[PDB]
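Given as structure tokens, the chain that follows is alone and in the form deposited without the partner chain.
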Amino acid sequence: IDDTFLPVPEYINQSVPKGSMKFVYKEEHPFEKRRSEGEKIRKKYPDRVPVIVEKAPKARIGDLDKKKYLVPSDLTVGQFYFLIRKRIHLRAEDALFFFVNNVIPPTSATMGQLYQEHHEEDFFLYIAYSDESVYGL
């Protein structure tokens, strides 16, 4: 963009609050250890994306046993909703919301698309989940 204008998307890859979200996994694993494992795992399973899934702050919902997932890039957000919903025995009337950088990702996006836009410097994609549709509420 030197003869044309480069636009900025709306509410897509923004992270206005909290910046990069706070995660217990980051506090418990130092950065260089995470980055080293992220690089190696992207080379070993290039068709899969490493995802960290943790409960959002103030969320009222069952905790997740395993937080480290290796997800096929072609998998959509909706299928990931389906998978996480089963692992915590969510009832039919229980809601489930994902947040990536304090933003709800489109249900029709693939995990590879989210990875490319939101992966952090350790080569991991971080997803928080909640029973509420607003992060931290």
The other form holds:
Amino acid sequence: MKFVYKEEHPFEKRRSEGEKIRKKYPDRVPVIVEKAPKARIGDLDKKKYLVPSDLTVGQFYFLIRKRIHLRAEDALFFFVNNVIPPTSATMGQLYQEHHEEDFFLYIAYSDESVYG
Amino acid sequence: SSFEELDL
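Instead of the form deposited without the partner chain shown above, give the structure for the form deposited with the partner chain bound, please.
Starting with the chain above, the whole complex follows.
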């Protein structure tokens, strides 16, 4: 899954900025959120988020839904490494399990249940 | 460029 943020910031700068942002906000995880390419769905103004590490995936669904101006009845799926993460997991658990070597967590969102 | 904090 291609993230534009990776193409526009080289790995080394990403890594040093992730280190800095984990030090400044130790109880928050930094997350990159991008729309999946083929998804017919609202785009998001910002990509970089600081998220409380005890926030659940469901609560993240709620907040992201608020930001793309979706109704609760409209569909919204998250993907971490092309897999839908469990709704009950915390963002801290997701970070520990799936953070990349630049200290960032990468999440894609779509209106479809399969990434593409 | 910056990070947007998200809370409930």
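Throughout, rigid core stands for the largest set of C-alpha atoms superposing within 1.5 Å between the two forms. Shifts are known only where both forms have a C-alpha. Residue numbers count along the first chain shown, from 1.
Shift analysis on the rigid core between these two forms singles out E93 from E93, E28, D63, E32 (C-alpha displacement of 2 Å or more). The two forms line up on their rigid core, and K43 then has its Cα shifted by 1.1 Å between these two forms.
Once the core is aligned between these two forms, the alpha carbon position of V103 differs by 0.4 Å; this is the C-alpha shift at that site.
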